[PDB]
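Form solved without the named molecule, single chain, as structure tokens, below.
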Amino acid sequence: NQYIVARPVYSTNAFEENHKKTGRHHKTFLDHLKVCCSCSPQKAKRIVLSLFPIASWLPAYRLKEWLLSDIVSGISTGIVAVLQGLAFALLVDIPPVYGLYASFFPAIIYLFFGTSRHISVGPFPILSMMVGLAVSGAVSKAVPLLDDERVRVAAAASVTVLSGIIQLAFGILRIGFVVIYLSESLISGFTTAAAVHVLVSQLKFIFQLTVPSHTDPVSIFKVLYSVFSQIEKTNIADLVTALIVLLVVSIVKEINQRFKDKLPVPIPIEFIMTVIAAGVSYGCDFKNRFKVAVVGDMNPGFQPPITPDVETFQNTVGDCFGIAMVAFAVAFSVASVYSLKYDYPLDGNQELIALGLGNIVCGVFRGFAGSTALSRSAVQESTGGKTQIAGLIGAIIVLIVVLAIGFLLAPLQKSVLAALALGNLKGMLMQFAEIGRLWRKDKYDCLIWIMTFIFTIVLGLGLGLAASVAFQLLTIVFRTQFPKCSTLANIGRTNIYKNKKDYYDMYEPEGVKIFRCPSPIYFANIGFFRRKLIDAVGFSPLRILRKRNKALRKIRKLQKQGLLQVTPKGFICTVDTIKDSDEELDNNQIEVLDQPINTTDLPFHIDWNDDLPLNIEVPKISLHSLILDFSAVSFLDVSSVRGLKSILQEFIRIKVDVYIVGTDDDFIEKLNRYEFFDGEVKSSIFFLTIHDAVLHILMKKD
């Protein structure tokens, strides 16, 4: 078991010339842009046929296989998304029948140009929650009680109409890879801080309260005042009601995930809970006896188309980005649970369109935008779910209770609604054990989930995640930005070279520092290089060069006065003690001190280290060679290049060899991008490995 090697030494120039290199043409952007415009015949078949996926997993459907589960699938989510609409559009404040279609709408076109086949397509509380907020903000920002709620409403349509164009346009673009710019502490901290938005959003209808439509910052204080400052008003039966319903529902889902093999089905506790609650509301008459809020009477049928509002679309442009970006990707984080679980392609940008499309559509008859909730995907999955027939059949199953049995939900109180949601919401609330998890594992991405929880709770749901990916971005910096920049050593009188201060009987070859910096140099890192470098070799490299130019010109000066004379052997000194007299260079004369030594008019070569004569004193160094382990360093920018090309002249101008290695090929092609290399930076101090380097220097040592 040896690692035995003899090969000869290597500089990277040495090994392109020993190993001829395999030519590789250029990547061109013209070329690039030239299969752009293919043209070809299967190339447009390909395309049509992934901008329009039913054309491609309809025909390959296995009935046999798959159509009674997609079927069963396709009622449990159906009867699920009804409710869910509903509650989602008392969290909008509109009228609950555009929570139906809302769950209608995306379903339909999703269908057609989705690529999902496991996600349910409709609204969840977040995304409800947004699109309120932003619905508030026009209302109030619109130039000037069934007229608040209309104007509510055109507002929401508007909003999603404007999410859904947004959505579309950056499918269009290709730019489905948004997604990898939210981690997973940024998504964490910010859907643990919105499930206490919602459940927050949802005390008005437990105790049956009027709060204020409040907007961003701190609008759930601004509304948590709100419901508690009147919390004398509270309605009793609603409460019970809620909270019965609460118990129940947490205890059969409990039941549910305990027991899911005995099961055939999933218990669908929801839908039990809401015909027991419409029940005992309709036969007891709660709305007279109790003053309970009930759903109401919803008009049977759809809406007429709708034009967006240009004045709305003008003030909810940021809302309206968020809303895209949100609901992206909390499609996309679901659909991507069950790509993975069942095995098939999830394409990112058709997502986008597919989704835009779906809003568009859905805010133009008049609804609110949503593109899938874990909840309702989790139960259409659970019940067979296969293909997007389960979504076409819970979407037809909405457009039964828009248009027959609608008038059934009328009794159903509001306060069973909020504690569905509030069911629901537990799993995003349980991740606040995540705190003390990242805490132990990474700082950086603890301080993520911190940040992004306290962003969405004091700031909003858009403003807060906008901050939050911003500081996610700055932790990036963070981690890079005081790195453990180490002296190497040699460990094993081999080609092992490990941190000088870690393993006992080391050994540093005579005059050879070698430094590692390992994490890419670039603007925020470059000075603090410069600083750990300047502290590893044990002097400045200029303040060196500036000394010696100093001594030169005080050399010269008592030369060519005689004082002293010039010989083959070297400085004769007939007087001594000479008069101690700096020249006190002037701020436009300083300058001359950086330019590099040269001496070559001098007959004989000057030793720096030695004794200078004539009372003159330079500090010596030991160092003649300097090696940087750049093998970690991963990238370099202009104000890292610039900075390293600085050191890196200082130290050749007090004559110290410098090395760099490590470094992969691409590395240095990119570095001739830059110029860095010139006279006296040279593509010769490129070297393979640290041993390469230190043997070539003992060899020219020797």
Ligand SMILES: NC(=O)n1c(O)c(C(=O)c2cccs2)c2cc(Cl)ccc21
Given for the second form:
Protein chains: 2
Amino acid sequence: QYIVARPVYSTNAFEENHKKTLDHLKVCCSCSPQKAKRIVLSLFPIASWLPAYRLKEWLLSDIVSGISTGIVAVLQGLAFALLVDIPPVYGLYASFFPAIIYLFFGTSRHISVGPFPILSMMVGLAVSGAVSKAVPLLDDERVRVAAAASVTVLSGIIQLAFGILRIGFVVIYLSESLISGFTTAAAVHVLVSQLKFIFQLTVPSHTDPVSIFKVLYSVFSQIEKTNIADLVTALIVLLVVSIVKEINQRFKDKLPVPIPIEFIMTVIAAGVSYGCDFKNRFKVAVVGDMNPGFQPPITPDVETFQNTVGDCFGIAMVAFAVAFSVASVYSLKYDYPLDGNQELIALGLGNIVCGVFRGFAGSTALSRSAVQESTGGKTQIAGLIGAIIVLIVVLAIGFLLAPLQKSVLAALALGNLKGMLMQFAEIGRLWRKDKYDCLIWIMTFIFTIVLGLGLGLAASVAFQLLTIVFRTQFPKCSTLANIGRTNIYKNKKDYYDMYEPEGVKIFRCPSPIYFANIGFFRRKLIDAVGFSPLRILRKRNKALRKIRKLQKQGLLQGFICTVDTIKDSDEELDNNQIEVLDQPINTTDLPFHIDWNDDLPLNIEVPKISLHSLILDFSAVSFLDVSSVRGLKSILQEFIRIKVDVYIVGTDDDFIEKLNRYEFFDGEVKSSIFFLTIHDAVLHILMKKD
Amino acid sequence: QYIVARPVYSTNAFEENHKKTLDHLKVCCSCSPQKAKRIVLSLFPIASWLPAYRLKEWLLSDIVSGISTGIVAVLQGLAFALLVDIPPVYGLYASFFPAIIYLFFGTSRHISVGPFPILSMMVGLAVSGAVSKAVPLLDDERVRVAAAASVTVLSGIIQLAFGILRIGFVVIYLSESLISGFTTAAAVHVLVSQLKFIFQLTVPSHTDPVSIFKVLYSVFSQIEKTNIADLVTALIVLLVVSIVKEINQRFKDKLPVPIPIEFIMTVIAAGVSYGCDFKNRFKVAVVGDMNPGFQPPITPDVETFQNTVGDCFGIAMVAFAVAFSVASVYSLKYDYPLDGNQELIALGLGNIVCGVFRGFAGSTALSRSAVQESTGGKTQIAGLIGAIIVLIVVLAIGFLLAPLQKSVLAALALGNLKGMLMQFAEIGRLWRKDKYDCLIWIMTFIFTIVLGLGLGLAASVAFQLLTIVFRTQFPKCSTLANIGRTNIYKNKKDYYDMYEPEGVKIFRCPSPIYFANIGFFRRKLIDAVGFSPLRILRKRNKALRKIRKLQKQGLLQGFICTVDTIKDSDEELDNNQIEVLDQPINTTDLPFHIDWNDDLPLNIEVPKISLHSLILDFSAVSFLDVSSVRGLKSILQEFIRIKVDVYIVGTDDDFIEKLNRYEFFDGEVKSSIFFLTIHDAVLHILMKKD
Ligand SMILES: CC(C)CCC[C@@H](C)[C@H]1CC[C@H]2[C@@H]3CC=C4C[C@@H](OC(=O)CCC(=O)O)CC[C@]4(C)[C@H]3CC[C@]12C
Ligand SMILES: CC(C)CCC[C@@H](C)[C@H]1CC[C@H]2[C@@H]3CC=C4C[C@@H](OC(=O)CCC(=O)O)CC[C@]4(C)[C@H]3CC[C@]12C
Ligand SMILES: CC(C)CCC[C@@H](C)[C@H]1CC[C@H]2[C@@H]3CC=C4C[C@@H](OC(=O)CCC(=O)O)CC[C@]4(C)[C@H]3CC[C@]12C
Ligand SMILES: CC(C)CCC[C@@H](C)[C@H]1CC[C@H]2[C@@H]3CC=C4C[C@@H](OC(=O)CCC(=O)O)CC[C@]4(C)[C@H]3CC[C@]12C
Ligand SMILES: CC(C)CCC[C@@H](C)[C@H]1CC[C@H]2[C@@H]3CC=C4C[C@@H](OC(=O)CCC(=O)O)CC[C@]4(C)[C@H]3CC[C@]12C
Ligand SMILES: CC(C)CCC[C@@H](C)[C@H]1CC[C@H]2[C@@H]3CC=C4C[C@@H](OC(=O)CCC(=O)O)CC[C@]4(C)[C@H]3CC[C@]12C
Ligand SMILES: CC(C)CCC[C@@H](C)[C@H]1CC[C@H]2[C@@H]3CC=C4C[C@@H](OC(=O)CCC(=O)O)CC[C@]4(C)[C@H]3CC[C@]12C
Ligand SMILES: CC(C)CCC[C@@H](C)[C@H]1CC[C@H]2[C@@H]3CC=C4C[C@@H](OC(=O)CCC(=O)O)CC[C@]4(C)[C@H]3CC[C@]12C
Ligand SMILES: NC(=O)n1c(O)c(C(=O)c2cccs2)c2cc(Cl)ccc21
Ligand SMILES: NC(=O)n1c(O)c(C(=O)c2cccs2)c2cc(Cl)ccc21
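Switch over from the form solved without the named molecule to the form deposited with the named molecule bound, please.
Once more the chain from above appears, this time first in line as the rest of the complex follows.
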């Protein structure tokens, strides 16, 4: 049973009966020989797991996973190089250099970095913006490569500058409702942007607010020019891949290393396209012969930095958020301490080295990481084998992809959109849960469809921040009362036999009071008390001025009258003199001790007040700002001058220690109004009144 | 003394011992004859105070205040029409039509609407943007008037659309730190923009990111062309007005209706400029003769709506925020119910009627409202007399301002910048108070100086919203303990003789848990408990799998061994099989009842745990979202499967009623874990353990 027999404490009788107990530059600038061995081995993390490498139980699994992710990285390299309007050889450069740099500088053991379609589509939008903003067949796709490389270099520089300044916690402003709303709209963007390769149409590059319908108009105005031999091949590839992926999602009994339908269908499509001369019989958009070898490095152009300095921030944000959210899943499994700041440095170095050698930007993909982890990827040596496969495709076997339809690539990339399109079926899962994150989802989807991918992310983040203000805009403030003659105080409109003491009003605001809900708090407090205290103070001051005017006239003196009725000379105060009606009342010059409650002398009318104390339950108020401290001080000054005691209960110690440095406590609003709980304020009032 | 002898309640034993107690379209669509008389008399509020008009005590004071504000409105009309590059006659139209419309449609009794310099400067920027974006001496200032009228019409339409949709609470996103940071930067903008009239220079219109230094470069590159006869006159006017304003701020004894130095200095300057032929002796920039009469109305141009649709939103926001913050001061005095939604409708109608008749936009000014209220303005009839004065200046006495220097106007408008420039001396008043609103002030000032007035307001609002996330990003989570063997639980690192029970950990997070602080909450909870529970669950599952493998081999059977030492066959789990290490443990198929704490059989190693229950004090957690509910459910599922009881205390009723519709409670995380306070959870643990 709950038995308590303590005295009544009031936060100053408690702090005197139980006694309590440069700034950062001398702990962060101490050059020690034990700290450099931590800093270097956390900056260059290949010296930490490569000596501690269990060879005999990991090498074969890493080799198998490396081959099985290198084939997928080759097939996804020259398929994401079509979302950018560059030749498809520049997609193989994008999946080789970051996989080499992340081997030396990365912390995650299970992701395989390369390109992934949302970031390559954002790069494809930014390069068309840089082309359309620059001052003055093969000469068009030269400046596309030369500007995509510079967009990649600038995004890597931004990511490296994030990683050096140790701001790796920027992923927490990217809640999963915003990610789930951005991802389906990016999937719709991919599905629309890959229509011009299935139908084999010619679409000009659009870079504007809404461009998901400009591409739709430019495609659907020339449906009569659709190559049937490309559409039939893309439809045949698309329904086989979905059926075999459905079979691979089910049927997982006696089935190790599930059947790769993408590689098999690509081999079959390339063999058919070579054997029957599909470039000459029909007229298809075949992937031409790539130059065997790498390209010499280019200097990044300066005039395209100043044109796309806004899009590279969004590219860096998306490339860090995706590569953190994917890697944290495999970090919760296997229990390794993934470091957020080193990921930005590794991805920035990988993107810089990729952009110097004419690649394009990218981070890890969810499907390639799932292929690398599901087939037994133990460490990042599988990424090295996956990069060696792309190296041997670039150097030697480049002619084997020369009879590739370029519509089977767009059909394969439309294959695994079902993972990002099923999240449409969660709005109903969010409508019956919060109705604020459903709003965040809907507004993120609308802003990403309409305002593109660069501006839509910033607009959805700015709305996600406004949602938190919407949550605490109109709090459900209530009035409390006692249940069962004990220390249980709950809401008055809930239980039956609640007892409320005489002249005590316990008020509770269940939200942190800041600038958007201080006026609402004041209005709700005035409506719950029953009067405005400034109105009663002004009427009391008017009555006191009339009383002392009658005393100066020689009528009053307790307070006996001479005549029964006087004239009702309502001396109204003009401007620049009405501010004396807000002054505190002093009755030291009078012999009587008026209380403004029983009655007054002749034709003096003052509204009555039954209160003598109110209690503010501030147990849920988390913080205050200058506007709340100013408004709260203005409220308590009206409540104290009206002879009503105020108590603020339920606060802990650093709340009072923060309120000390707000110039809150003066000779009127003393520091002895803070009590511990609600019940020892009611007990203090009851032991003070009698 | 505090004596309590209640039983121990657990939010389900409490709700069964004390029994408790279309949606809005049928209360908002009820056409009643008593509701129309409220709606019309709140929409057309001149029918409410004009019959209730105490004539014999208000008429003379309203006439005096009307004359004294009409002179100031005339002198401020054709001085704010120089911040826009229009002829000065179009400033007298801006202070006449809104004062007539606000008489019929306004609620405040003490503001005098007209132009005010921040909004006219924003109009002057937007009109230059509309000129510089339009496709193709007197022909330049024709399109300035024709585009400023359309910017005014669009801003009035936006304000009227705000007032009809009843969103009049948008001023609460405009905290006083943001207003105080925006106002001084607007004052610096006014002081720089009025330099070309003192020196009498020719400056082209700049409309861009940063333009406070483009005007400074265009002025200070041609200092050698400064008219000395204008600079000397502006300096003579400027130091007299400041001295007499200092004398008027002090010396307020036997001094009614303080001496207007602006009208006297304007009369003296005009008389000197006429008597000595200042347009011919020197070569000054005198205010030319205005056409006597109004202008016929124009249709607003459509092509300039689409160019400045972004700036008109900022003009409407500033025009509502200033006219609300000024009117609320005189609404707190005199006690009248000012309505926020009617102010938007009245200002929108005033701006529309002003923009049709070739005026420009505006709301009330602080100085004109102070002049109208301080001289005895009782109602809005003083605004009507102030408009009649502007009418008689436009119609008849227009030649009296024709010898006006146009540098004395810029010198007068630099006079009362001291009210908006002294707020520089509050950063030190905000540095020792919060250091978040000092940051809001500094970032608002920097964004308004750099990004102009239109974009700077939006950027400072977007940073003000981010400040609230910065306040609750890293909360100061703590561990509590008991003081003095009673129901007082406070922070463990504060007091000396705090007692903590055996195996109980009371944890407290003093912030609402949302998406930005759920990972920090999980990391702080794991660091305060002392272990990760998923690690102990995985090691317990590995040990249990080894135990049952030894049982299948025929060695174990309580739990006696056969041999002393076995081989250390560490059967490590591959991928797609390691997720069985997170499953709950069941020991129903074993005869023994292992507890994972004392010891285990041969070479089995499990980490020990001293906990058996932890308590989460959620009294300060105001709300949750889907990310917090998901992460909290994931935390409690690890803590329950490890055989550690969890209790969540300090929550009130609608917190549990909200958590019901989150799919939070299942067969594992039952609803019986919620307790009332901290002490009756500790008492429940102590009465359950023995
Ligand atoms: C939820 C909503 C309110 C958020 C804000 C949406 C706006 C950002 C969208 C909605 C309508 C859009 C406009 C709809 C149509 C057009 C015409 C379009 O014209 C062309 O592409 C050229 C046509 C030609 O040259 O003939 C240019 C973009 C624009 C202005 C769009 C710009 C982006 C707008 C303003
Ligand atoms: C806000 C969401 C929910 C709906 C979006 C509706 C509109 C904003 C969209 C739908 C149809 C779109 C239009 C569809 C086709 C075109 C043609 C397109 O191409 C041209 O005009 C090329 C030049 C020419 O041929 O004249 C320019 C964009 C435009 C006007 C689009 C502008 C944006 C529009 C009006
Ligand atoms: C804290 C985050 C938001 C990054 C820091 C702010 C950036 C958004 C700013 C700071 C430096 C700025 C740059 C400073 C100088 C220039 C050169 C300038 O070159 C010109 O040709 C001038 C005329 C013009 O293009 O407007 C173009 C803008 C640019 C790249 C600016 C683009 C915007 C930048 C990158
Ligand atoms: C958000 C924070 C952590 C980012 C910190 C880094 C940025 C402040 C720097 C990194 C690289 C900088 C860029 C490096 C080079 C240039 C080119 C420079 O071009 C010129 O001056 C034009 C010269 C010419 O046209 O001849 C304009 C600034 C800009 C875009 C810089 C803008 C500022 C950037 C993005
Ligand atoms: C606190 C800071 C980081 C906030 C972001 C600041 C930017 C929005 C500012 C800082 C530097 C500014 C730039 C500094 C100089 C110029 C050159 C200026 O050039 C001209 O006016 C034309 C010159 C010519 O024609 O010769 C155009 C604006 C611009 C790009 C400014 C645009 C606005 C910028 C990028
Ligand atoms: C961010 C805050 C704290 C400091 C701001 C520093 C810069 C962003 C400012 C200071 C000096 C400014 C410059 C001062 C003078 C000019 C000349 C001005 O006029 C012309 O160039 C006209 C055409 C010509 O004559 O070439 C254009 C803006 C510019 C470059 C300004 C651009 C913005 C600058 C670099
Ligand atoms: C909820 C708040 C933020 C207001 C609602 C959204 C507005 C910001 C949008 C909705 C309608 C939009 C307008 C819809 C159509 C047009 C015509 C369009 O005309 C053109 O010549 C098209 C090409 C172009 O200028 O880009 C110019 C943009 C404009 C005015 C748009 C400007 C932006 C507007 C006002
Ligand atoms: C924030 C919410 C509450 C505002 C609600 C009102 C707006 C949605 C409306 C009110 C007036 C509208 C404007 C009225 C007229 C026009 C002109 C119109 O011009 C054309 O279509 C061009 C025709 C041509 O060039 O021939 C473009 C949209 C625009 C700016 C409209 C944009 C949308 C506005 C601002
Ligand atoms: N598992 C696997 O081998 N693959 C995929 O999952 C692919 C996708 O459709 C992706 C959509 C978003 C990221 S990947 C894919 C595409 C090609 Cl061209 C070759 C192989 C592929
Ligand atoms: N009280 C008064 O009569 N006046 C002022 O206060 C003036 C200002 O400087 C203002 C600065 C911001 C708003 S007003 C002012 C200017 C002129 Cl041209 C004529 C009279 C004036």
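Residue numbers count along the first chain shown, from 1. So that the term is clear: the rigid core is the largest set of C-alpha atoms that superpose within 1.5 Å between two forms.
With the rigid core aligned between the two forms, only one of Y225, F432, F259, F482 has a CA shift of 2 Å or more: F259.
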